[PDB]
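Student: Chain by chain, the residues run as shown.
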Amino acid sequence: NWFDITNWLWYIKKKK
Amino acid sequence: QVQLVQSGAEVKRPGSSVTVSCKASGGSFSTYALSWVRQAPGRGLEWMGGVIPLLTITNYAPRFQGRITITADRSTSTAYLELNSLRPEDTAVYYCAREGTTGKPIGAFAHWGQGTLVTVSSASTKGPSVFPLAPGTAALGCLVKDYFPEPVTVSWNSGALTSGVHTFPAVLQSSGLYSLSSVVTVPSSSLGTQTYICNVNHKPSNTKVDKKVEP
Amino acid sequence: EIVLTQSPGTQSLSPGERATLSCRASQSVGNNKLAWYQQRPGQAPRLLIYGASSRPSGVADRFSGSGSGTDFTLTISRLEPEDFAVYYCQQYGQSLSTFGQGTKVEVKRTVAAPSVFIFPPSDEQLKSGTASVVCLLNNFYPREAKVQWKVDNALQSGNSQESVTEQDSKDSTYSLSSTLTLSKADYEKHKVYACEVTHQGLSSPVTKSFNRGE
Numbered sequence: 576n577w578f579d580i581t582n583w584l585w586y587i588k589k590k591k
Numbered sequence: 343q344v345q346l347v348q349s350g351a352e353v354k355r356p357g358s359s360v361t362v363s364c365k366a367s368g369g370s371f372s373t374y375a376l377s378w379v380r381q382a383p384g385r386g387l388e389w390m391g392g393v394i395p396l397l398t399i400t401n402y403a404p405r406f407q408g409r410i411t412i413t414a415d416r417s418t419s420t421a422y423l424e425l426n427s428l429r430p431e432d433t434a435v436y437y438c439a440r441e442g443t444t445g446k447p448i449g450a451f452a453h454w455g456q457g458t459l460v461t462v463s464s465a466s467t468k469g470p471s472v473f474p475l476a477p478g479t480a481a482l483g484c485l486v487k488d489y490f491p492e493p494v495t496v497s498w499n500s501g502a503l504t505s506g507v508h509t510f511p512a513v514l515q516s517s518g519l520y521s522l523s524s525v526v527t528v529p530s531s532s533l534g535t536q537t538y539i540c541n542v543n544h545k546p547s548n549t550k551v552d553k554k555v556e557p
Numbered sequence: 322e323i324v325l326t327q328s329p330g331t332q333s334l335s336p337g338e339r340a341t342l343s344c345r346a347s348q349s350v351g352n353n354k355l356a357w358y359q360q361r362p363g364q365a366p367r368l369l370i371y372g373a374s375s376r377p378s379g380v381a382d383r384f385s386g387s388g389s390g391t392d393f394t395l396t397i398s399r400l401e402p403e404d405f406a407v408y409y410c411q412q413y414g415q416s417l418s419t420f421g422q423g424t425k426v427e428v429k430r431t432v433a434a435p436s437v438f439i440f441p442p443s444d445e446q447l448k449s450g451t452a453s454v455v456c457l458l459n460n461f462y463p464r465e466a467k468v469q470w471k472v473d474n475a476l477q478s479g480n481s482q483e484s485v486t487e488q489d490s491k492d493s494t495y496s497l498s499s500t501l502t503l504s505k506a507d508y509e510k511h512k513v514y515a516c517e518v519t520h521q522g523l524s525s526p527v528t529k530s531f532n533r534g535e
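From first to last, the protein sequence lines stand for chains L, R and H. Convert by adding 575 to the 1-based position in the first sequence; the result is the number in this note's numbering. Convert by adding 342 to the 1-based position in the second sequence; the result is the number in this note's numbering. Convert by adding 321 to the 1-based position in the third sequence; the result is the number in this note's numbering.
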C-alpha cells in the first residue's frame, strides 16, 4: 500500500 | 500550520495539456504524501494520483495512467499535476491534498488547497447581455446570457436586497457559453414605489451592469 | 478496485436529529483505512474521521466513525445547522484509493408546492434576434420537480435548460428556473408559450402561459 510508505519513512527517520 | 496554495483558474483548448501547481508552506514537504483530487461540475470527488517527493514515487489511478504526470520540487516546496489530451469531461475543480499528521502521517487528506477550476473549451472570453425578467407577491429577475468563462456574480440593489433572492447555478449552452438567472420575490404593492436593480459582475470581460427591472 | 457505496445518496433529516451514514465496500478495506470528509458548496472538502474511527483535533466530537472490514458508518449524534452538507467516504487501504459517491444531508421540512411564474422575452433581447422564455418554480419542497414546455400545445425537447438552487438556508426550500430559447423568427411563428409543472405538493399539474404579443 503506497499510502503506508510515509509512515514507514517517519519510523525509520525517528529511529536512526 | 500547513497551507497549500494552488495556481489560478485556466481555460484550456481540447487536446491540450494543463499544468496545475500546489505550493506548500508550514510543514515538512519531502516526507509527506501529496495527492490530486478533482471534482467535475455537480459530481463527486475523484482521486487521481499522488507523489511522495523524497522518493520520487508516484501512484496514479488506473483511469489516468498514461495521461497524467505528478512531480514535486523540494527547492520550492511545489507539486505539479500535468493532465494531457484534455476533453470536455476533464472540466473540473482540481485540488491538491496533503496527508495529515498526528508528526506521524495519517494517510487521509487533512490539508487541502483552495482548488483550481480548469475549463476545457474552445470558447472565447465574452461578457454577458443582461435582460430583465419583468414582474400579493410578485417575482422579477435578470437573465444573464451568453458569457464565458465562469464565474458571474449577481447582487440586488447594491447588496441591500438579499431576502427572497435566488441566484441559480450557471448552465452551459450548446454554444459553449454560460447563462444564469437571478430572481427575487417582492410585494406586488411595492412595484410602483420601490426600484429593483440587478448588479451583474463578470470580471473576465469587465462587464459590470446595473439593470433596472421594471413592470 | 474497491467500490464504495454510499446509499442513500440523500438523507432528509431535522435539526437536532441523529444521522447515520453508511459506506459499504465491495471488499475488505485493509487496516480499516477509511476516511470521512464533509464538503459545503464553494469549499474544499474537510477531513472529519480517519482510520475508520479517529478524529483530528479541531473536529467536533459529535462526529464519530465506526465499523470495520466492509461496513463503515459515520454518526452525527445531533445535527447542528452547519452539519447539513455533503459527506464522502474514502478508502486508502490499497494503492488505488477510491471515494464513495457522497451523501447529501438536507433539511427536512413540510411539503411546499412551487409558486410558478412565466416571463416572456424582453424587448431588448428580441431586438437582437433571439427569444428566451423563462419559467420560475419558486420555494418548493421536496427537491423533485418537473417542468415541461409547450408551445401551441406542442411538447418541446432540446431547446431548454434548467438549474436548481441549493437548499435555502432560511426556509429550507428549493427553486428551479428553466429557459426556453428560440430564434426571434421561430418565436414569432407561435402564439401560446406555456410551462407545465409537476410536484408532490400539487394534486394536478400547474400551467402558466402567455400569448405572444399581448
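I should point out that these hints are in silico values taken from the structure, not numbers from a laboratory. Treat each hint with caution, since some may be false.
The calculated BS3-like cross-link candidates involving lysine-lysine, where the alpha carbons are at most 25 angstroms apart (straight line), are [as the list claims (entries may be wrong)]:
#: 1; chain 1: H; residue 1: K425; chain 2: H; residue 2: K467
#: 2; chain 1: R; residue 1: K550; chain 2: L; residue 2: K590
#: 3; chain 1: R; residue 1: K553; chain 2: L; residue 2: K588
#: 4; chain 1: R; residue 1: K553; chain 2: H; residue 2: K448
#: 5; chain 1: H; residue 1: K429; chain 2: H; residue 2: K491
#: 6; chain 1: H; residue 1: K448; chain 2: H; residue 2: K491
#: 7; chain 1: H; residue 1: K448; chain 2: R; residue 2: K550
Chain R side only, calculated, beta carbon under 7 angstroms to chain H, not exhaustive [stated by the list, open to error]:
#: 8; residue: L397
#: 9; residue: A452
#: 10; residue: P474
#: 11; residue: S500
For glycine and all other residues, C-beta sits at the position ideal for the given N, C-alpha and C.
Student: Could you run down the list of hints and mark each one as holding or not?
Tutor: Okay, the hints, checked on the actual structure:
no.	hint	result
1	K425/H - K467/H	21 angstroms, holds
2	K550/R - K590/L	61 angstroms, violated
3	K553/R - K588/L	63 angstroms, violated
4	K553/R - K448/H	17 angstroms, holds
5	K429/H - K491/H	13 angstroms, holds
6	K448/H - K491/H	39 angstroms, violated
7	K448/H - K550/R	21 angstroms, holds
8	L397	14 angstroms, violated
9	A452	5 angstroms, holds
10	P474	5 angstroms, holds
11	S500	21 angstroms, violated
This entry does not satisfy hints 2, 3, 6, 8 and 11, going by the numbered hints stated previously.
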